[PDB]
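Given next, in structure tokens, is a single chain: the form solved in complex with its partner chain.
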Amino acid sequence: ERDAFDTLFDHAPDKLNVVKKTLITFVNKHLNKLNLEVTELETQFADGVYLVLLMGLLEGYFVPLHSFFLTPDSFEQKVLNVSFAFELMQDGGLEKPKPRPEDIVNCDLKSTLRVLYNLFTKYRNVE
């Protein structure tokens, strides 16, 4: 089950900052268009909102308003948002993400990086 992010955190932790930064630049390439900004991947994807918005921007979806919570007020809502974002990733043709939606909400860095990198790999050429 072991991947490159396991190897990164175990053996090359000083390479984490360039990994963060490249992914931050990628997400803000799209989120800036909505006047939104990510400063830190540790916490700012946990409520599931930006992941949903990002998928809308990347695939050009008509995202149904009643399919996610724009201002989630609980663990469970934040849980429905990430799951819906995962749903939209798979709708575009991506494999089901490795992390459970709860791992994102609980601010697991590896899980956050994995989800964002797989979007980077697919959508790095999208203007």
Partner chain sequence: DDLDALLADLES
Given for the second form:
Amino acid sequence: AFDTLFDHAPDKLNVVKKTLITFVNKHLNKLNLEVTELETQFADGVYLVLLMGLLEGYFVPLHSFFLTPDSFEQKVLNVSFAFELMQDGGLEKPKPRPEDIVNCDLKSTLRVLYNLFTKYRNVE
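Switch over from the form solved in complex with its partner chain to the form solved without its partner chain, please.
This part shows the chain on its own.
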């Protein structure tokens, strides 16, 4: 269902990405962080972690994840922790593996963010 909107609807996919950048910046700008490139800016897990706290109203202690990840391993660990936080929030386990996010798989990234969007639409 998300595959069709990715592979066979560029007319949709672009209102989508416009709106997904709108959505994430709504929340991330509060930390004075801007997202301009959906393809890479969530790969290291940091913004996903920060986003989840913004959407679900908690702080994430800085000893709990790697704020400046220094290896592939730390990024995967950050992403995995982010998926755990999504599950804590009532989302079913994310389809992509954490590595798919770290490797900048755009469909995966956009699925995750879109699955956030469907949930956290009305959140301010």
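We call the rigid core whatever largest set of C-alpha positions still superposes within 1.5 Å between the two forms. Residue numbers count along the first chain shown, from 1.
With the core superposed, residue 107 shows a C-alpha displacement below 2 Å between the two forms. Lined up on the core, residue 77 has its CA atom moved by 0.2 Å between the two forms.
Taking the rigid core as reference, the CA displacement of residue 14 between the two forms comes to 4.3 Å.
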